Amino acid sequence: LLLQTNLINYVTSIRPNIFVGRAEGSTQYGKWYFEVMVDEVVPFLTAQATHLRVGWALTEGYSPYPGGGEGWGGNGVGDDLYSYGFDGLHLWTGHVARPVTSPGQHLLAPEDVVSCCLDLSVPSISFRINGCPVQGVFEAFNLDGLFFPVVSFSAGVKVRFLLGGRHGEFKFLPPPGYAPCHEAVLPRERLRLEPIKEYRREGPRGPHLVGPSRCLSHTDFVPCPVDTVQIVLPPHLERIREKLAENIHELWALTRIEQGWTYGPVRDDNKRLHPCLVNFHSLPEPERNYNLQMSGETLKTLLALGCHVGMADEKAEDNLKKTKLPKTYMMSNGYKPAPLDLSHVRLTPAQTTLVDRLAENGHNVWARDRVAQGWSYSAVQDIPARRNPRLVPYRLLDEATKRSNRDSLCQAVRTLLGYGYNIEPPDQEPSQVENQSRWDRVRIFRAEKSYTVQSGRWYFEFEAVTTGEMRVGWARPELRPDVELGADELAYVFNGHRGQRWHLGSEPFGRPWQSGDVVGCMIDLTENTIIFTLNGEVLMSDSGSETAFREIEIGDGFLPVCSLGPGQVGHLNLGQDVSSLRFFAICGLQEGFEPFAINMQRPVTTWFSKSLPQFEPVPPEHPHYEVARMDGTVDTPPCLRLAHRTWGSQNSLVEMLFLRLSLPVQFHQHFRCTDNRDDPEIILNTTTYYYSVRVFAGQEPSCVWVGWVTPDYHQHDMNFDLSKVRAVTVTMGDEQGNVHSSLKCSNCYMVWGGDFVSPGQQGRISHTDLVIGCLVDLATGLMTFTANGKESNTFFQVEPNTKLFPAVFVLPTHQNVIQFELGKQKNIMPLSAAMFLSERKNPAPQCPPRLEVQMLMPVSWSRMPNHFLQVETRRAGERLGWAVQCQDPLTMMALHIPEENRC
Amino acid sequence: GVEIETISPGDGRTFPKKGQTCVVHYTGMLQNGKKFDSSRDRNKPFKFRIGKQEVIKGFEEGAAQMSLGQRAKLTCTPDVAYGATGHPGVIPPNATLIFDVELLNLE
Amino acid sequence: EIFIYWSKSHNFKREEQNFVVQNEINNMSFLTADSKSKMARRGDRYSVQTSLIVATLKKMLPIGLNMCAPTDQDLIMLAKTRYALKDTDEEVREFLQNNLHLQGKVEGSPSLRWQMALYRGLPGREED
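Chains as they are written, first to last, in the entry's author numbering: chain A, 631 to 1304, 1419 to 1647; chain E, 1 to 107; chain D, 3440 to 3479, 3498 to 3585.
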């Protein structure tokens, strides 16, 4: 009942910028191997045990924010189902530790060899300690996202990464078929060690608040071109089928003539004297007509893209000539330009973009073909192993190869343009790569509510490091963390990305900044005015007004606020040191203004917006959703009914809604070995608990999920289905196979309501309400589901000491949606007898006020810690690998909520 | 009934015998994972006189097996622990305890 | 004194807008001309806020206020009261000479402590 407290150490994570994954037709290998070396580990730098874990994590949910979190805090690898870590004695997954047998098992000592083997084709995560096998493997885990090496460590440790090649020696022989992790680096990015998604990084003049980081996706490794098969070839194209081929039969050959690669009559192409500028008739016929139909293939790509041709001006054939230059002179059957010659011709930007995507669609077809012949990507070229450094999609290719591909087809489209045939741009369709996660886009920062100002004149700076979508200004204390700044009345913010002032909408103001600019926000509570100054110059609106916002009520007061979009860096200077300010002397000093933190000892505490879903009670003032507590009658159990207030009206909100009850139920410590009147002796001894949920008529069972959730469920998806449920199976056996322990770990245990509805042809609105029942047995860890008084083949078994919250995920399709009935079946105790200790022998249903429905907020506020761990990442050497160092200890005081199991 | 799992091995040849006191840093936790006692927070070694039964039985006969310099994890049943009477306001009745014992030195 | 004589002469005020209305001075481009160069109803005919003499004086004001020391603040409002009390420039000068002792205290106000250090941080500032 009472909140617990403890002192815990800060835990951080470090990863190399290496990403792997599996997808349909993906250009990525499906087996990888890395190692770590332990240099120094202090067993107890503080009272808390030193933390060090090594493992794999996933890019769509492993975001270990520093400080508090799941369990007793200090979360790292394995504290959630988006990571899978090994510590020397336990397998960490979902904040659960399970011991592993090893030949000389112990915690990670100095100079220990840890080898992580990952298979993507079949889910399997295998570890090796000092070469010896670790008798435990993660299996049957969700592959969506990208897998990466990661290490979670407390203070006072030194470790080294071994990635193979020049970034590790591996000190052992990896199992065959596991590619060393140094080969997974993308061409555009160098190998480096980075922390996981952060909101702060140290800078020269001060800390730099950082917005969300753009994350690469597995879907970005499948090359998806436009199909060039179902295209009937037009007459105007077959009419020009020849010259556009003749001009690309030796265009690659033209560059190297009169050099060391100068042709000779005895040999032909590919013999280090390639050119053969004579003609393609001398060249072999299959590759010849192949080059013709490749020119046709490029024209077919132009068709599929949306390019069409039209002839207006003088025929270029007349006013074009072939130039027998002194260069490219050859003795084999006369001399001529290797491609077909062309005179002065230019190209507009539409043609530049079109040839860019034309080269893209050439590259992605080539890559698709290579993958279909089995090939894959590797930063070092291996021809007998059939791997290439250029098997990545064009968007991920390097600029050198991009330019090299674009040059040839640029010449081709130039030759097409010379003949006067128009290159018609297609229609423009605006598209967004990622749309679902609208909340993982911005990160709001503001001072603490105790620094609220209601009088005087205040000033602070905001050095815009980047030029993306960032905003800065002032805000009221009750700002909603999941609403864009300026979209409501709670913020007076200046969006200087395009020069706009935001309050209840958008309207232009001033000029957009550039890199290295400083946005010094004024405020005058006496004059009720807000002024934004850029680089020491007062900004001007689209009128004679010199003040951005006028006639503002004092209200609760105002807080200096700012936010950053994806991939942005901002330096916020609240003026704790007056001398550190730059444009204060230029603007503000003579106006009577003061720095916001003029006389303050400690740095001003800032609260950022944490993009981690949490369960909060349904607000009583919520416009859309309302929860009604129904008194239990003589014949009906007490009910927690959900009713959509504005279902069917204009501006109605309909979305995937996650609901859970406030209090959980915990399974017993040790599992047991091996009418409608309840029997008194059975009822006083049974450990089975039942509850019934009634989906109302008109609410579709196709979007209903009923069951239980562990307190670490944070999956907020608008397209939720049972496939997205996180699950993993731990497999344990002796030294030589012989699996003797196979468990399933999940944060989510529900069924789909569409399996309990008869396959009717029509009339999906059921005349009879679906009453899904659920049962649990604490003495066995077994849970079951009942459809309409008849059981269902699905069943679940869970480990002891498990906390489960009654949950219902529903997409509303009616005014009346869900109703939690706290009922009881024959010889089965109610939930009020399950979650209340002083009611363990009372079979009568009860609904005490602490039991209330909660729904999943997507975003919530949080506090930025006043100090962070000092991590030194660097390359120790070519043989040593990459080293990570951390020395200074840092301790926090955590407040652990018992029932929610979070601190 | 006691179970001892090594966390980090020590010496393995010098075992705690009668006559010399045992000096440890332990960290007791309840079975649910909620820490209830530790010695590093008090920042003072817990020297207990082995053989005179002044400490709980489970801790006493689990300290005998493990050797010098060894970090060992125990699991004391309520029978070898406070049991049904429990500890007033500290340990719930009939609870199994876990200890992160380390014997840094014998005197 | 240009602004003071403008304030004193009500007639110079009266034909100040007369020249504006007769010669169609917009008064809006002269303030935002640089801003529009950076590629960024009610008082369209004439407005006192758009007068060039007052706008120029306000823009030039921080330069003059930099020349005043932080300790002079207590003397500013006293002279303001005398000017409201209709006292000539000789009168306010000798009143200031009488009450020079009551200047601001750097230690008595935490605002003046950082202001004094900032004011003296200028390399063009002399202690005498």
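Hints listed in this document are in silico derivations from the structure and should not be mistaken for laboratory results. Cβ atoms here follow ideal geometry from the backbone N, Cα and C, with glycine treated the same way. Be aware that a few hints might be false.
[Unchecked claim] Here are the computed distance ranges between Cβ atoms for each label pair: (1) A/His736 <-> E/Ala84: 46 to 56 Å; (2) A/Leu631 <-> E/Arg13: 43 to 53 Å; (3) A/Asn1158 <-> D/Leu3509: 40 to 50 Å; (4) D/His3449 <-> A/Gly1185: 35 to 45 Å; (5) A/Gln1062 <-> D/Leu3522: 15 to 25 Å; (6) A/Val1284 <-> E/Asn32: 35 to 45 Å.
[Stated by the list, open to error] Once the Cα atoms are required to be at most 25 Å apart in a straight line, the calculated DSS-like pairs of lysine-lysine come out as: (7) A/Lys901 <-> A/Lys966; (8) D/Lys3447 <-> D/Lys3537; (9) A/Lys966 <-> A/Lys951; (10) E/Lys35 <-> A/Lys1547; (11) A/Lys1534 <-> A/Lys827; (12) A/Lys1547 <-> E/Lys47.
To see whether the hints hold, each was checked on the structure:
no. : hint                                : in the structure
1   : A/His736 <-> E/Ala84: 46 to 56 Å    : violated (36 Å)
2   : A/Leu631 <-> E/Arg13: 43 to 53 Å    : holds (48 Å)
3   : A/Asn1158 <-> D/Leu3509: 40 to 50 Å : violated (27 Å)
4   : D/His3449 <-> A/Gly1185: 35 to 45 Å : holds (41 Å)
5   : A/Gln1062 <-> D/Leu3522: 15 to 25 Å : violated (51 Å)
6   : A/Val1284 <-> E/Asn32: 35 to 45 Å   : holds (41 Å)
7   : A/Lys901 <-> A/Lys966               : holds (21 Å)
8   : D/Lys3447 <-> D/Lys3537             : holds (16 Å)
9   : A/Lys966 <-> A/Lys951               : holds (11 Å)
10  : E/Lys35 <-> A/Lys1547               : holds (18 Å)
11  : A/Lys1534 <-> A/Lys827              : violated (48 Å)
12  : A/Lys1547 <-> E/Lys47               : violated (38 Å)
Taken one by one, the earlier hints fail for this structure at numbers 1, 3, 5, 11 and 12, listed in ascending order.
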